[PDB]
Amino acid sequence: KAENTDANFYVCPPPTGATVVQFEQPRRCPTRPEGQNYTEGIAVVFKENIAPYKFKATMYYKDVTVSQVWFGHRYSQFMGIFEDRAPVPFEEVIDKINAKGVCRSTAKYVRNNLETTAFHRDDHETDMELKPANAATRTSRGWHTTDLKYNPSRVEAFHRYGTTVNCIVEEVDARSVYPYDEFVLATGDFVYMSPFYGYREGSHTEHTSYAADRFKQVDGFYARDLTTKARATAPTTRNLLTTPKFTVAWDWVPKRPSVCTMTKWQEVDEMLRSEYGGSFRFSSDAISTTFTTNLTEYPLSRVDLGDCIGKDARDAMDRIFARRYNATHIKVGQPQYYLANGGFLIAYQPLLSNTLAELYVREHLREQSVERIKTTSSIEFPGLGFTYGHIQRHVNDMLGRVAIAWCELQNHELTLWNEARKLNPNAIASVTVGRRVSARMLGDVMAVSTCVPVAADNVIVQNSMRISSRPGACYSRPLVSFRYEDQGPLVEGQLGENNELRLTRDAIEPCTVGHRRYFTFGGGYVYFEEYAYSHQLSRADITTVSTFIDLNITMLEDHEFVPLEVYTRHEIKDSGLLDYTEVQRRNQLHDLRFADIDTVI
Amino acid sequence: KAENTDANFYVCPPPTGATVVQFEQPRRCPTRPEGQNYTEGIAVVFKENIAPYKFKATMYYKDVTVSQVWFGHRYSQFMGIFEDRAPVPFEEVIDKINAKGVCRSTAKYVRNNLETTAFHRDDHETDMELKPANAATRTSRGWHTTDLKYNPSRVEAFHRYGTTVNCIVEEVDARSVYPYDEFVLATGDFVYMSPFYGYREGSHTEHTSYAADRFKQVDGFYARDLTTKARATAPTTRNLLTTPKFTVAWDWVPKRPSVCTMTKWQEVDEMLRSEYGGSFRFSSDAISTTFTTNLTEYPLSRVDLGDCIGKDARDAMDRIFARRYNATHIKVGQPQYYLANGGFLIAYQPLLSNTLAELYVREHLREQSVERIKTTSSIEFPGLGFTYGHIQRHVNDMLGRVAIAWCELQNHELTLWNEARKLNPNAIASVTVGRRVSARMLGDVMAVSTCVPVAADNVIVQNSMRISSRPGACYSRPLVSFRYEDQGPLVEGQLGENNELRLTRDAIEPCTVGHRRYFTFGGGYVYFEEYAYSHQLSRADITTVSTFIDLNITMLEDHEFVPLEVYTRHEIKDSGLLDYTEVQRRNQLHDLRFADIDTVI
Amino acid sequence: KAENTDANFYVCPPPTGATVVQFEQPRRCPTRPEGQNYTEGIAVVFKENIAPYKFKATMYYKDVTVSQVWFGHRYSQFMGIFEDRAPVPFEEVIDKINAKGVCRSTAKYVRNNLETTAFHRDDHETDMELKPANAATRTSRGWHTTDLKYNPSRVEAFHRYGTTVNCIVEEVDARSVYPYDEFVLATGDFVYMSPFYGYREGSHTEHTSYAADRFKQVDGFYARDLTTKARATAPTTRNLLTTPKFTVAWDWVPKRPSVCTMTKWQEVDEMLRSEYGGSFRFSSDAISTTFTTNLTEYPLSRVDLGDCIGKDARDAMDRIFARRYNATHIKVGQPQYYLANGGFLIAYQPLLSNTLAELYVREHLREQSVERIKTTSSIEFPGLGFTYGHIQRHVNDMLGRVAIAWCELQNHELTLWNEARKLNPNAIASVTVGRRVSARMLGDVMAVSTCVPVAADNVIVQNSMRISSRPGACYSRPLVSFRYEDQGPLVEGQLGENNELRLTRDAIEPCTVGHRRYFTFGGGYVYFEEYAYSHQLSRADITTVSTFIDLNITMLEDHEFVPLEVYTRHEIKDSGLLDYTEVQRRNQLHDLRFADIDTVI
Ligand SMILES: *[C@@H]1O[C@H](CO)[C@@H](O[C@@H]2O[C@H](CO)[C@@H](O)[C@H](O)[C@H]2NC(C)=O)[C@H](O)[C@H]1NC(C)=O
Ligand SMILES: *[C@@H]1O[C@H](CO)[C@@H](O[C@@H]2O[C@H](CO)[C@@H](O)[C@H](O)[C@H]2NC(C)=O)[C@H](O)[C@H]1NC(C)=O
Ligand SMILES: *[C@@H]1O[C@H](CO)[C@@H](O[C@@H]2O[C@H](CO)[C@@H](O)[C@H](O)[C@H]2NC(C)=O)[C@H](O)[C@H]1NC(C)=O
Ligand SMILES: *[C@@H]1O[C@H](CO)[C@@H](O)[C@H](O)[C@H]1NC(C)=O
Ligand SMILES: *[C@@H]1O[C@H](CO)[C@@H](O)[C@H](O)[C@H]1NC(C)=O
Ligand SMILES: *[C@@H]1O[C@H](CO)[C@@H](O)[C@H](O)[C@H]1NC(C)=O
Ligand SMILES: OC[C@@H](O)[C@@H](O)CO
Ligand SMILES: OC[C@@H](O)[C@@H](O)CO
Ligand SMILES: OC[C@@H](O)[C@@H](O)CO
Ligand SMILES: [Cl-]
Ligand SMILES: [Cl-]
Ligand SMILES: [Cl-]
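Chains as they are written, first to last, in the entry's author numbering: chain A, 105 to 473, 492 to 723; chain A', 105 to 473, 492 to 723; chain A'', 105 to 473, 492 to 723. A prime marks a further copy of an entry chain.
Treat the hints as calculated values from the structure; they're not laboratory data. Accuracy of the hints is not assured; some may be wrong.
For chains that are exact copies, the list does not tell them apart, and a pair is met inside one copy or across any two.
Derived DMTMM-like pairs (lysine to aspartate or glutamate); straight-line CA-CA distance at most 20 Å [said to hold, decoys possible]:
id	residue 1	residue 2
1	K695	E631
2	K212	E260
3	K158	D696
4	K368	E693
5	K695	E152
6	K253	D713
7	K435	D566
8	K544	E622
9	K253	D188
10	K359	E310
11	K204	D231
12	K212	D188
13	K200	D408
14	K415	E219
15	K544	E619
16	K349	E187
17	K368	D672
18	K544	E471
19	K349	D718
20	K200	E152
21	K158	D199
22	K158	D608
23	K212	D720
24	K415	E233
25	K349	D713
26	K253	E187
27	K435	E467
28	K235	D718
Take these sequences, add in the hints, and give me the full structure.
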């Protein structure tokens, strides 16, 4: 019997030829795709402009205080203070200040539908000098005639008034937003006129909310710098609006050049555009993002106040070609404007290498074939897509190759399986149908028929290989006997390879000197020597070597991506030093907290 | 000797059988995983609502100015102006304005704990018409009785007063935020009462900061549209609060339906939920994001003011099933509410295809088994995860297959290595232990023993293949001699394949007509013809063909992802036209820059 | 002829040896890279601090109203109201309030360069108690002496004045921002002095905009809590500034400890740093991001007001090592400060496992070898990179292995192709040059020459395999005849494998009992039996089995990533309850809409 039992035994009566099989012919090998095709190009990306129009301006006004004081024993108490900003007449600004840097000590102005007027100190008019405002960090420039408050001189038990008239001139930045038909200052003072209003060009159509005479425009003007007392070298066109409280002056410039609904966001040297099922796809190596567009360009006409765009994109695409392509490529058609999801305007100039110059004609043809645009705040998804495509591309290429390389090999080896099939039809067959079988070749095809199992506790090997029947020669393979069923009548046979029990004992070789062999037998072997038995063996007790070329794949583990913000939207909010809402709220609770708004006395 | 030296020589005395080896049996092939399992479902995603409650309102008030003017030679100067908004009595609004669109030319009100009163022009009471405010772009509607300022008539050297009383009515939008117990206007005016205060329902418990009589509620009210002079068709419940400065009117509505702590963010047709180690995972193809939850639903109870959620999610999930599933699937249980990291509430309806209807019973069971929620600002990580999983999944699948396909092949080919082993035990062996060796088969296993190296500058081939010893036949393989060591005694042998030096010269074939052969010999060959020598050869000088199926892997290069923002947080800030902080800062520096706050006179 | 035509016929006259070929020797197998190398380490990430300095403060002031009323028949009308906040003298706050929680019913102060003064009710001075402000939700604490407005008693036709003097004390939060040289309150009131001004330490150099006597500092002060009337247990250094309108008090603390330009953003247990072409790369498993730095550390010196950084990072890195490494590793050098793109300061402590302790000496050496930093708002790209690298790494590893495993196999199998080549030189050859050819072995190389095509409509098989010429034996392969060209003279031959037409009919086997075979013949077979014809066959009509190990690669589909925001930048804006710009705009339009700013009367 068999020490080792980790195995099975079969009997393989040659197939008649009732069952035949053929080998699958070489399959059609997959073909590498002609390719996903790109278009070299330069690009300039445009985000909706969210910056206000910014420009310096200068105000001139006069703060007028009128106080009344009661005079008594020991003390003086204010009975009332009336403050006010008075706007400066056009002529004064010119003929005084920009003339001689001085101001009247009298304010004459309209207030509440009466022409009021005010004398500093109530003394008669005096031109006073303009001396700078007291020093303040992070302020533009101011100037002021006085810095004291004139109160009525003390006469007992007799109330009276003091007019003081401080002439104030400030330089202030001025901001405004689309559609640029009014602007504001740094004082909080609104001014309800376009910044580009005027007489010159079409400006007159620009918006105004004021009476016609509150605006002047000294064409050809020269500024006298209050501090330096230097006149202006080059003349401006100077705008001057007199609102109920002040006069603001500034230089006029044309609208169209001065503003734009969009901003040049990013400049891309190499911007590769593809078309992915009728949608366009520009991706940058640098910015690592990838945008998606329609196959039609976008009409700048439809863009209100988009002058800069053309001017800006062009200026940069040309600057780029010089630094990097003066030898290198060819401009296929004029620049083209696309609008990627997320509302990012895209200026693209399709290119074409130098060496391969011949194709201008080809693509040029293809390269030839209002409102407010909003831009998302996040470049996230363009990044994702970029990242996903590149990895997708690569992976899908390589594995694709592995597919074919594989197939090429499957078809290759058939040439061996053929010849191998002729050598051991038994084994080759059984490895091909994943079960043990008997087999035979009928010319070009394989006759096969099944193989019968035999209980491993039913197999018996005979001790010698020497043949009493005919001496000199020996059975080349050990002798055995076995039963199919337990109580079944014993059968006689010769051992084969892989526990194949051959019924006929014909496998014979001449007795050679010092013969010593091992044979597959159950879960292990059995050893022989000089044609006589010795012992069995564990498969383990013999040096094992492998035909298997190793490769171990490991999985790429799951990862978890907990959401994480750099700054929480409130953190940002809280960077607001003063909170307007918080203050008005607080301010407007005062009476409710500290006095009585109900009780009539 | 040998022209070509890029090689080595060995001598392979047949192994006795001291060393034996076996072939590694077929390994256990990896098994494809039963799979990661999804659950079809529809979904509606909810971000924390950050919008204030918005609603129209109408104010009615009266600006009262009282000026005093001094009369002198040549001029008039204001000695003081006192402005004020006076709130309108409940009855006036009703019995005048909403009655007949007119207003008294007198204001009677409480101010500073005295019932002051004011006569426009000081002439006695007059009802005056309500004429629209002068035109202003981007304003709601106003109306006003007068538009002039009445100043006291000129009498010389005699001061006096003018009461003017402008009746003003405005429609204004009104905003408020959680917890909705006070609201504000577009005038900046705070009103410290819930918007949902009233007598009806439980509203009375809503917050108030005012005396009880400053509120009225004309149940069943009809608005008379000041401009059109058309009465209101359907009645409202109308709220009217009289703050110290004005009366604001609006229609009352119930709270619960009127507001929600959350907003319906996104509607997802196909939302696939998985469970990944006891955590849930819903991912959308469309939005390309993937969220992570606990395995337990979220109790809407815990959500304060979350009425809409249920109402909204339900409304859409049902609308969806119609457009896309009226034939297609089956609702497993009622909708379920999950809360993904990032605080995104998720309404999910687990589904199940039509064809496979049989499983309701199975999952339904499983589908059965306060506070303020904050939502992050960025959908970044849900996107990342989404992107990572999908690529992970795919890759890990394919390579997984490559692993098995490979293994299947390693086990396959052993069937050839077997039969091949019997044919050239020498070569097969040496390729299996990665070093040259001699070998032999002892039945089912391989007897092996080593092979000895011989200096390439020590090998000598004999010129003829014809045998003086026995003529007619020829050595089938060229004759050689060689020494092991330099000064070692020469040895005689016959050449084999791959520079194998056979000690016995027994390899013999009959001299055939016009014989011509090449033999492996050193870094190249040596050519023969008619059994006599001719010359050697470079391996290179002969047409080479390959058995190698090609595949070339390329690496996917590193990429760098420079951080890039669309808009810098300051860019956003700067989109604030007026900056409150900048202005108050500037405003509150005035005195410090332009006057003196120290010097007592 | 041949029923099946899906095939071709060839004739293969043995090559003379004019054309010979060799097999490509084993190629050099790729070598796995020694590896990308990491450095274990702990980390703490720092975002630019955007929070203002926050600290409690307490103001003390006095609102002074002076009203005049006209007395007439039936009524009283205000002729004017003058309101004002008056600042409290240093002594009062101390010697009254913090002493005895009471206040004078008189205000004495400087206003407009006159020392005005005010008597509550005009009755003489009275100390009055400080009673809390009326209750208001979400306010800090106030207190006030009175809550009524005193108006002049009614005498007919005689105007007069009422001075009322409400003493108010508030606790208010106070905020300020870099460079911390002035701060603000919750009242909107600016205070133009550093919060850290004082006499102690170097503070005196801190900024001031006020006269020197408006500041006091009671070193060693004890607060009396107005409500509880409990004195303060521990003494403060108390700052008190008297601005023109109020006095604000607060405790002084040193600057350096009290503020920091940066904030501890994130704490990373395992932070792996690599160097990628001379740029550093720290990536976290947890936060799933990966940052990029230069190979040089960053000098904290260059960081203005960065005291906390050192203090904070150190404190946490040490806390971490305890929880997780008290046994585990070794601190290679002191902490190191790097600044990753996006301006994220990085505190890193390079570590080294315990078991492998021997390398301190090695890396320690390497670990040894002002301004305002801005931090981007988005952690996007660090995430991308993180995600991309990890997938890149993995993929590039595995496929890399597949490359080698493959190559190892290509070189392996040559050992079979060799022996196989000797068995069927015909077939092996033709599969190696991808076209049918005749072949032969000249020792160690392959003699080859071409094979000739023959029209499939030109091949004829002869019916018996029995040989009239010599009986007993049979042609082992069916007999045929064929022409090369149509009208060409017929040729005689024997069939071979794969439609090989052998010109000589020498393939012969003894007639065996009950012979039955199939032969490859055109697009199918032809069957034989007992050496006589029977019929042909379709390839399809026979059981086919495959030698091909299957593997199917599928592509990972394109995905589209539509841009998607959680909250649109305006949605955020609109979360601003009151909009300052909207209000001032609206407020400053008033006159334009409701009165006349032109018409002089
Ligand atoms: C690109 O062109 C397509 C049609 O040619 C536009 O597609 C529509 O886009 C709007 C958004 O503005 C969607 O709401 C519609 O449902 C889309 N229609 C369809 C059927 O797809 C698209 O507007 C163009 N893209 C841009 C950025 O302008
Ligand atoms: C999901 O359930 C788990 C517990 O079942 C919760 O886990 C905790 O989440 C908080 C954040 O709110 C962490 O600070 C705790 O450390 C977590 N505990 C543990 C041990 O994991 C979690 O709160 C639930 N998720 C949501 C979104 O509610
Ligand atoms: C890292 O060091 C490099 C040089 O060693 C710096 O590179 C420059 O960075 C600035 C941005 O501040 C770029 O505008 C320059 O073009 C860069 N020079 C070059 C040639 O690369 C870099 O500033 C350092 N990084 C940090 C975050 O400080
Ligand atoms: C042209 O290209 C070369 C390339 O090095 C460069 O030196 C030069 O700046 C470029 N000049 C032009 C024409 O812009
Ligand atoms: C039902 O589904 C079909 C599918 O085409 C569609 O035409 C129809 O709108 C759907 N109707 C319902 C019941 O919603
Ligand atoms: C030391 O490490 C062990 C590990 O379990 C832990 O129990 C303990 O908290 C750590 N103690 C120290 C020294 O921090
Ligand atoms: O001093 C604070 C005061 O000006 C505000 O509460 C008015 O609303
Ligand atoms: O004109 C500017 C003036 O109103 C402010 O500076 C007051 O603070
Ligand atoms: O009542 C609104 C009024 O205070 C503002 O329009 C002033 O600008
Ligand atoms: Cl891409
Ligand atoms: Cl996923
Ligand atoms: Cl990484």
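Hints versus structure:
no., hint, in the structure
1, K695 to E631, "neither (98 Å within a copy, 99 Å between copies)"
2, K212 to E260, "between (31 Å within a copy, 19 Å between copies)"
3, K158 to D696, "between (26 Å within a copy, 11 Å between copies)"
4, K368 to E693, "between (29 Å within a copy, 14 Å between copies)"
5, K695 to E152, "between (23 Å within a copy, 15 Å between copies)"
6, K253 to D713, "between (30 Å within a copy, 11 Å between copies)"
7, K435 to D566, "neither (64 Å within a copy, 60 Å between copies)"
8, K544 to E622, "both (18 Å within a copy, 18 Å between copies)"
9, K253 to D188, "both (14 Å within a copy, 17 Å between copies)"
10, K359 to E310, "within (10 Å within a copy, 46 Å between copies)"
11, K204 to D231, "within (10 Å within a copy, 54 Å between copies)"
12, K212 to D188, "within (12 Å within a copy, 25 Å between copies)"
13, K200 to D408, "neither (42 Å within a copy, 48 Å between copies)"
14, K415 to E219, "neither (51 Å within a copy, 63 Å between copies)"
15, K544 to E619, "both (16 Å within a copy, 13 Å between copies)"
16, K349 to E187, "both (12 Å within a copy, 16 Å between copies)"
17, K368 to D672, "neither (55 Å within a copy, 49 Å between copies)"
18, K544 to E471, "neither (64 Å within a copy, 61 Å between copies)"
19, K349 to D718, "between (34 Å within a copy, 14 Å between copies)"
20, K200 to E152, "neither (44 Å within a copy, 50 Å between copies)"
21, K158 to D199, "neither (28 Å within a copy, 51 Å between copies)"
22, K158 to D608, "neither (105 Å within a copy, 94 Å between copies)"
23, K212 to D720, "between (42 Å within a copy, 15 Å between copies)"
24, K415 to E233, "neither (47 Å within a copy, 56 Å between copies)"
25, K349 to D713, "between (30 Å within a copy, 12 Å between copies)"
26, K253 to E187, "both (12 Å within a copy, 18 Å between copies)"
27, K435 to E467, "within (10 Å within a copy, 54 Å between copies)"
28, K235 to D718, "between (46 Å within a copy, 14 Å between copies)"
Checked against the numbered hints given earlier, the structure breaks hints 1, 7, 13, 14, 17, 18, 20, 21, 22 and 24 and satisfies all the rest.
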